[PDB]
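What follows is a single chain, given as structure tokens, in the form solved without the named molecule.
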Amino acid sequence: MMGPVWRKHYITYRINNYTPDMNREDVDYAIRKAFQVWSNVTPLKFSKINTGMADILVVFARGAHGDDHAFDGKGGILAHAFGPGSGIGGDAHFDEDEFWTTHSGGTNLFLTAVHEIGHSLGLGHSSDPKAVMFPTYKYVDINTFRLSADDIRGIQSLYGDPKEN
């Protein structure tokens, strides 16, 4: 049996609040590129909103932060998201007790965002260590990063593929 999927292809997101670890512009870029990774291999279209309320709310929070799952300080769980649904549904939370970066020190925001957004869209983990949904964090360069076949197969078993033209 499968978890719930989004039942719409236009999905909005809003950045709740910004970590202080990085330039604001880099936060915006990383989340954006991360939605884009999944846009690239489905029909889904994501758009940022600054006011109102959105499907996927992106949050930086430490400790207990108001849902069913408290963060565990620095290290441990880096972040978590919730599968498609209303409300908390689809949201992504990043543990402020990490140090989020654009590089291979601390924890790389773009690559964790890709993994959390995977969950946002309905994916679970992968047993393939090449998949971005593998539950262990490893750095790879952003220019070079690609989804695995396994990641691709799982997202597209959910939303199908693109779609021209």
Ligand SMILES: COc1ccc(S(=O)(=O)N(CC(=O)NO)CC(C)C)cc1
Second form
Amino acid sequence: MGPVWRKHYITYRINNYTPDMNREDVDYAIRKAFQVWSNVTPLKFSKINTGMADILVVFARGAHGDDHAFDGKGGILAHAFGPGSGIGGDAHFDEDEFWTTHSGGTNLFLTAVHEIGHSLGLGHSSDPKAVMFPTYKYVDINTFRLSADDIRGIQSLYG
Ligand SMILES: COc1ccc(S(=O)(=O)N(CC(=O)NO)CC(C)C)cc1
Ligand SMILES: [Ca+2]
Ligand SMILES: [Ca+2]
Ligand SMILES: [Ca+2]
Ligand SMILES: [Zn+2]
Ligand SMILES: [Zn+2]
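With the form solved without the named molecule done, generate the form solved in complex with the named molecule in the same format.
Entire complex below, previous chain first.
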């Protein structure tokens, strides 16, 4: 298997906030996305508002300091680094997308669930029902659930 966090208590911090959405709505989407993974593993996530965190959540555009520049509107929506120090774990969202609560634009929550999967050590799935399948598709958020493949994947890494 690939890198995993060698601890079950994992911190995150939101570096900055997209202007596409209300700040409260970003906080909510991210909290909910971590909860999805916490709900099927022994992992515990703690939000920090200031200081050192394992997973940094970042909205940025174009070339943004890592060796993986974003590409404008469309195309690549987001990327994340697997567990490790520094940029390890970090989840980056392309600000040239239009981030949403809803079905229009790109849903932050669903994209974050995907991204968070990578920040925890998952790669892509070949199951089209899996949140880790590498195509963005809106599905009703109130009824969203991880597929059986996603749960096998993450439980193979933790627990
Ligand atoms: C559900 O969340 C996803 C997040 C990003 C992608 S992506 O289109 O930006 N993409 C990069 C991605 O894997 N980063 O995590 C797939 C790529 C194979 C085109 C698609 C779905
Ligand atoms: Ca990190
Ligand atoms: Ca893009
Ligand atoms: Ca935007
Ligand atoms: Zn990046
Ligand atoms: Zn991905």
